[PDB]
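In the form deposited in one PDB entry, a lone chain appears below as structure tokens.
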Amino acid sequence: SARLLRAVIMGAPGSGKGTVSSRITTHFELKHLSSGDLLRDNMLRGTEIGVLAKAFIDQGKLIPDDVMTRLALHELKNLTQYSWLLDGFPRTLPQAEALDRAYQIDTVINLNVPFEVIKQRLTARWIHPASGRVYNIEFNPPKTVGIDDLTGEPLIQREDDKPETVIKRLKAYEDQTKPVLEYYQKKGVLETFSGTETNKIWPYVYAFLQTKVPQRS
């Protein structure tokens, strides 16, 4: 690939962005950058950013743009040499306009999944905090319940996956992030995939990406 790919994946919370991203990075030559993993890492490390982020995350509110754009642009500049997949940034118009001043996004993958469906999924979500690996009791279950397959350490549930917080996160997405979908639609780069199951969507995402980025061994 002479030109490195710059891809974004977007969708309402629980639509499967991180799940699809793990499949993409498994099959395609690109690096996955997750804002949420990055924020949850900053909370473990106790950074300035990590401390102030906790209050927003735990209430289902978007972290201020100034903080998030600086964090994301800084991380991206470490990845000039790779094709990358941005997962969870941008979430607002200022975040999307800033990203554009730095990079030319090739393609924005939009997962359109029912709110009722997604609401139920986040109820059953479990994660391994150190690695960020994601599990569900129905769809991607561990071999033992509540225990990561490898470290054997407790898998946990995000504090933001409580039903009251899920409602708040969905409304924030509707109010602040959907305008970003329209921004990328008018720029000619939005590719939307609708479904209720990741496994019914993945074939189309897979075929679509074959047309944009090399495959991985």
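For clarity, a rigid core is taken as the largest C-alpha set superposing within 1.5 Å between two forms. Residues that one form lacks are left out of the comparison. Residue numbers count along the first chain shown, from 1. What changes on going to the form deposited in another entry:
- When the two forms are superposed on their rigid core between these two forms, the C-alpha shift of 2 Å or more among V189, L181, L33, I57 belongs solely to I57.
- Annotation for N136: C-alpha shift of 2 angstroms or more between these two forms, rigid core superposed.
- With the core held fixed, the Cα of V117 is displaced between these two forms by 2 Å or more.
- Relative to the superposed core, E153 undergoes a C-alpha shift of no less than 2 Å between these two forms.
- After superposition on the rigid core, stretches of three or more consecutive residues whose Cα atoms move by at least 2 Å between these two forms are found at 40-62, 114-169.
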The other form holds:
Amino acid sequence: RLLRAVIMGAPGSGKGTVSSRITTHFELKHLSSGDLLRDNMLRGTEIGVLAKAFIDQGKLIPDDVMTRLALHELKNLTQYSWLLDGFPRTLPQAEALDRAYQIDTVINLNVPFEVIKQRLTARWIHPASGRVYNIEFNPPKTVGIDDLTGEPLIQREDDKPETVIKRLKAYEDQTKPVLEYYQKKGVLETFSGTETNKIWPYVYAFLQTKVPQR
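If the one shown is the form deposited in one PDB entry, what is the structure of the form deposited in another entry?
Just this one chain is shown here; partners and other molecules are left out.
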């Protein structure tokens, strides 16, 4: 029985690392919606040029366009086990996928909002030199100040708390209905924690019962 699986998780939850580890350790194809969109944009395909019109303006791909593109790639993977990552992002996408393929497993990484917010707002920059500081992993010697010059550090707009809060709220509004949909279908498996390396062993053990290791 070939795996039909989806992985879900907020930005900063560790979903990217967990997906990368699943792909290393198990014999399956990783289908990332972002990677698929970027490949089409790079090649200038008809759907890549349309996708770039939205992405360049900070907009989601319309549901109908995104579903079209994902289903077209899935046609080429039907002899393999797969893991969907980034699709479905919205309830209409999940409903359209349900009319195309039986999805047997959905993994959700449940990491607290405050943990993700701190991760996503940790980066500070010294603009003139480009030096990067991360208050969790590489803090400056003096708070808010560059180590070599004593000049102020700044945050880039995408890393400021105001921007991150709007990003997380949009994600939740889009994907909470998808999580509830899969819970109703009986296929949702939730992994809760605050550290990726503490969550991974449990995801690994769960998948060992479902798809061959490489």
